[PDB]
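Of the protein chains in this complex, all but one are displayed in their positions.
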Amino acid sequence: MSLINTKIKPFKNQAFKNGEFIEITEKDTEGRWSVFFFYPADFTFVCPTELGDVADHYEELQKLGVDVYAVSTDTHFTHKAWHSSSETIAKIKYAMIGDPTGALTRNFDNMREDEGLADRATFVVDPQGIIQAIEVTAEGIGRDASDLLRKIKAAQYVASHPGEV
Amino acid sequence: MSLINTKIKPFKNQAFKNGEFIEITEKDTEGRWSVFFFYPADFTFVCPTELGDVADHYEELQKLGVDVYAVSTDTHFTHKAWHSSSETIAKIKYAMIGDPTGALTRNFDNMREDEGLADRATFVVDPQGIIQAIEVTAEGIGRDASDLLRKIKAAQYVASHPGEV
Amino acid sequence: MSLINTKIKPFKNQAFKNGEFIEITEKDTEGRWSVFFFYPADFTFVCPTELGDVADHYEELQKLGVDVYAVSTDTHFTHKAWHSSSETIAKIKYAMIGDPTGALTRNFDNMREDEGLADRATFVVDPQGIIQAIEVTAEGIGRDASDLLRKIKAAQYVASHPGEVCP
Amino acid sequence: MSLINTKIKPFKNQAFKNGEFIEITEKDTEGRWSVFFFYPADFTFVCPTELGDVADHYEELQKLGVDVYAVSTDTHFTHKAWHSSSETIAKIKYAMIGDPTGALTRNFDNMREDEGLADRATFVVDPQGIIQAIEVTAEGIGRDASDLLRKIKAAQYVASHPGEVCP
Amino acid sequence: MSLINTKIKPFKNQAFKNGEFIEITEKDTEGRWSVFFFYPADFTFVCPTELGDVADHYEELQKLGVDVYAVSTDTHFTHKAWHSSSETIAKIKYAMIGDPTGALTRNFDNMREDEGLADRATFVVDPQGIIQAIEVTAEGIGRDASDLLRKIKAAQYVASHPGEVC
Amino acid sequence: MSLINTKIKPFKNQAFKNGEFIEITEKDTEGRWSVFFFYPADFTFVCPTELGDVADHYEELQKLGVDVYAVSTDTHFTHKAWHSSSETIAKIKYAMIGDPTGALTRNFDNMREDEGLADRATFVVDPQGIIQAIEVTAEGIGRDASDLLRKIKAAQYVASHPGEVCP
Amino acid sequence: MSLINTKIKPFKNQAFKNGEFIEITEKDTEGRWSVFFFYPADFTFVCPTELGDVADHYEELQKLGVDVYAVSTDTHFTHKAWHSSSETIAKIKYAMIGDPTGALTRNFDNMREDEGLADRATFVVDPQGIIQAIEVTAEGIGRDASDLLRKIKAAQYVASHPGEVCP
Amino acid sequence: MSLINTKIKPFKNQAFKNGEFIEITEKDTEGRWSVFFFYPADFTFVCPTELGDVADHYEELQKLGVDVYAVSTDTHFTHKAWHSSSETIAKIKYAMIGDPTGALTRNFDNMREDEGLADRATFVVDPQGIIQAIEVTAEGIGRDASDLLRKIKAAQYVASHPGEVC
Amino acid sequence: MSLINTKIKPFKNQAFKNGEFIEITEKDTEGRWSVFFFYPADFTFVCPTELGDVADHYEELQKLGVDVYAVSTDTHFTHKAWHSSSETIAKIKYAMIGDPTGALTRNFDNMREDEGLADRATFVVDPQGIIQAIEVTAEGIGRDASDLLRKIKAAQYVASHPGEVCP
Partner (left out) sequence: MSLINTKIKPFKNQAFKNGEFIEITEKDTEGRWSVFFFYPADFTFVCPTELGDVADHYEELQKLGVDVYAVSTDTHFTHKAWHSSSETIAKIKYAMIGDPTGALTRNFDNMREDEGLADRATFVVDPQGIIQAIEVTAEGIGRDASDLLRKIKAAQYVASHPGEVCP
């Protein structure tokens, strides 16, 4: 059974956001468009072009009323260090959630059970909590932020206008 | 458990391809890059911009050595009629698979069990049979063919060069 | 476990009738004689002589107080397209139900599980919902509408005169 | 889970035919067209027009290479007595199978479980054993043999010459 | 797991009695001694000596306040035909129950599953519904009606005079 | 499920016979007619008319090649005492089996579970081990040995002469 | 799991006592010291020295307020016969319980399952129903009534005088 | 579900015997009469009359070819301390087994689960390993060694002279 | 599933303290710092340096408001005898708990299942009942009380003043 068009499960995770630690839950996503951006690990040799691309469009997403949540199995302590260490990660101003339990990752059925890391997946959730769009990729295959931006605009248009030609 | 990075299951489905009925199986996908394009139904009032967009890039995909498989719960008899009826569907020259049993749709966990139709999903499969990229969307939210094209080129680059910076 | 002389199971399917879509249920059948006409698929190369033959007698069936329900595993969107495409299907004035779930087909135990299509079966249901006549045929074997009419008239005769047969 | 286009299940029943008892199995039906004719009970007040109709066409069915098997839940001993009793049943020259177990009746899914009798169903089986036509009716609703004969000729035509007919 | 000294299960069966069809249930057996006489089938070549014997003793049984119920897997329509056909069955004044479902036969655990016919068994049921005597035999083995009559008289004596210690 | 026309289950019980103890098994019943005579208990106040009646016919039964086995849930030690105690039981020359475990009683489905005693049942078994006749009665209802003797002669006749049809 | 220091399970058995039958239950043991004396069978060739030894001390046990219950898997009818038969058993004035169902024997976990008889066990139960002493032996090994009497006096002493510490 | 007439389960336990530690197993009991004497605990205020009685009769038991094994849930280290401490326990010449695991106690179904101590029970085991006599009592109830001695002699007589019918 | 940072499970054990027996439960540890000190057995040849070390620091622990509980699988009766026997154990003024059930030992997951003795483990529990420090060693490896004392002072400091220390 697919996760498309289903309500997101509850959670409690700590996160790093613009130099301050915070706690996000499913309560925070209510009445807001949410974007859960899963990625495997921090401090990897792979280019963080995907996270940096979303950082560029984050001003645009905030104007649409869309929150962004970068998720990974590393701790939020690690996210703070990787923000200060890397130049590309310094650009992001959205919440970077840590999921050492893996609970939030397993809610979206997105766990590499052998590696203990999250697969590369992007989810789009409406104010009601229902998942409207999913995108999963293998390693080395990037996901485009401008493509994501179009999918969100389409989702907001459908919620506004049911049954268009 | 996710379908990402798993081998595709076996199948036997009839299909319509450039004016001729044919039978495709998992044997045909072996040694070839395959793209399974799921969509709910034929003769709907919704614009088939997604199928028409892939038709434009089909010349380009064939040069990369990539086969395309449009899948739906309607019969292959219905696919022939919709090819002759519609102008946008007349453009496609790839196989349009019919899945009235739903077996091929349920192999990819992509069934609307209430409606008896397939969800809007796109899959990318390598010559080995392993799924490298997944994209699922709700109705009204289109998927971009140029975005898909980039994800395939990336997948072929990774298969060629393991462990790039 | 014969399916004859049993009350029809409840259902909720979308259908196409006279250029507009409608929702049909078991609530619509009660209080009226119903005829569920199953066929495997739309846009098949085999002729719809059976479907067109019922369309000719539909004026007589409506006069008798009998509704007709053409059922198939295709969508109602296809039923609209196949109505405009073919001449024989353009004669159809009754509802053409779509059953992509197969639920309505499985209620009558009439599903080809391998193919995922309905078998060629015709059922006659009284106002109470009880099935009084069944006719199932293989591919290529035609179902006569004139014989169907005779069975309907016989069923209505027995309903009007219960236990008054063969003296 | 329809019985149409499926191979018949094996059986072993006693039967009465032309003044002597015989044992009939699924092996007797092999390589030959068979017609299983079910009816509820013997010595009923209902007129056996359906049994008599097939008896008239039996000479014509034997020319087509078609065997007929009348089946009921009564014993083969009972069938012999009903042959000597009624003048309509005296016309019967085909085998009258007794099915007190109900096994043969339940193989065709044609048992009135609460009554312990078979329903009025007619089946057409090809030499391969595959069921090509089914016809079930309620009490009082007659099954005409002329339509059955037409269905058999159609079935034999499709088996002989696949790839037809109308486009 | 025996069937002796147990209350009979409820049932609904059609039967033929003196040129007329009737419906018997467990309600009809209440407040009366009953005798369920199972036999395999009608119109068989085997001698109907067993049913003919009970027909002779039926006058005696009706005096004792005992009803007789001949049960079989054949229909009640056949019982009527077999009554007019045979001269031995013409002596039958008691009810001939038809059990095509087999439910009544299955209540007494007396069914040949592979044959679909009832085994030749005899049961004696008191007014309370409790089974007091059981007799089962194989094909060709005769059941004596005079011995049955003796058992019924003994059953009625014990019910009337319980705890008489010899 | 009926026990008529079924092979007896295997057993190993201790028994008292003719002033000495012996062990009886299903091996002893092979190739011989056997009669299993169940009764509830020893030293009861009820008159043992049933056991004494069989003892009178035991001389005749041995000429027919028939063994008798009186079974009960009491010990074989108790049977020896009851043989010496009562004058009616002193007539018995056949084996008196004790079944304190109740295994042999439960093989014939003849146990009063709440009481822990056997019901009054009599079984006739042929040399093959198949049960040909069953007779069960309630307390106070006597079982006739003359009728039992008659049933055995009928059983031996049918075994020797299969399928006798009377003219 | 040990049965020592546990409340006895409920039961309802028929027993022979002093020339007449009676029904014993767990209700009868309430508010009184009880002694359950198990032995395998009646009319055995083994000398009943154990039962006769308790009969000698029964006069003394009744002064202590102690009831005795001789239990066995034989019927109470058999106990009456064995009371009249043997001279050693004629001494017994306490209740001789019969347990053909074996329920009371299995309450004390004292059944030879393969044999269908009780083992040689003796239990001492206080007014509360709690088991204070257990004594089990094999065949041929005698149980002393004098030692049993001593154990009861010790049990009554401890019940009256809890936690006695010797200086 | 009784423990009478059943072969003893195998075991491995440390024990104290005559100022020296030893390891006893089921192998040591083979070909010899054994007496497993369970008691709850060491250093208790209750009188050790039961163990003292067996110590007096131990010479008699060794003549009969009978070994004695005093078992308890305490360690064998404590048994040594309790041997030197008390004067009644100083009479003990037989082995004092320690069973802190409780395995040997659980083999005889003789454990107070909530207390974690063994119930006061006595067992008599023949050379074959079969249990011939069992005796269990509650706290404060004395076990007689002279009666135990009588049972052992009776057990040896029956083994020697089986089927002597009086 | 670590025991660190978890509330201790409830118990009820007998113990010896200053020449008299007492019952200790989880309720006695409430509102007070507790130290559960496990060791395998009494009267062992191994030198009790670890027991003696804590006895020297017990006066210092009582000032900090810390109770000490020496635990083993031996009985509380045994602990009394070992107190009078050894001169090192004579220094003990804290409670010596006996755990013959092993329940208290198994609550801390500290049982040598094959030996039936406790392992050499030391636990530190706060007034809330939460375990703040664990230390387990093998046979021969000593646990020093000076390090334990330091760990307790650190635990009391963190409880008093959260938010430390080094960045």
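The letters A, B, C, D, E, F, G, H and I name the chains in turn, as written, and every chain counts its residues from 1.
Here is the rule we go by: a residue touches a chain if its C-beta (ideal position, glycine included) is under 8 Å from a C-beta of that chain, and two chains touch if they have at least 3 such contacts.
The hidden chain makes contact, of the residues A:2, A:29, A:73 or A:132, with A:73. Within the whole complex, the absent chain has one touching residue among A:61, A:66 or A:117, and that is A:117.
Across the entire complex, the residue among A:25, A:49, A:101 or A:146 in touch with the chain not shown is A:101.
Contact between chain A and the unshown chain involves residues 41-44, 73-75, 77-78, 80-82, 85, 99-102, 113-117.
For chain I, the list of residues touching the undisplayed chain reads 1-5, 45-47, 49, 106, 109-113, 119, 121, 131-142, 144, 147, 150-151, 154-155, 158, 164-167.
Please note the rule applied: only the chains that are shown with their structure count from here on.
Between chain F and chain G the CA-based rotation angle works out to 180°, given as a multiple of 5.
Two chain pairs are in question, B-C and E-F; the one with more C-beta pairs in contact is E-F. Computed centre separation for the pair chain A/chain I is 49 angstrom, with centres defined by C-alpha atoms.
Note on chain placement: the centre of chain G and the centre of chain H lie 26 Å apart, centres being C-alpha means. The multi-chain contact residues of chain B, meaning those touching 2 or more other chains, are 113.
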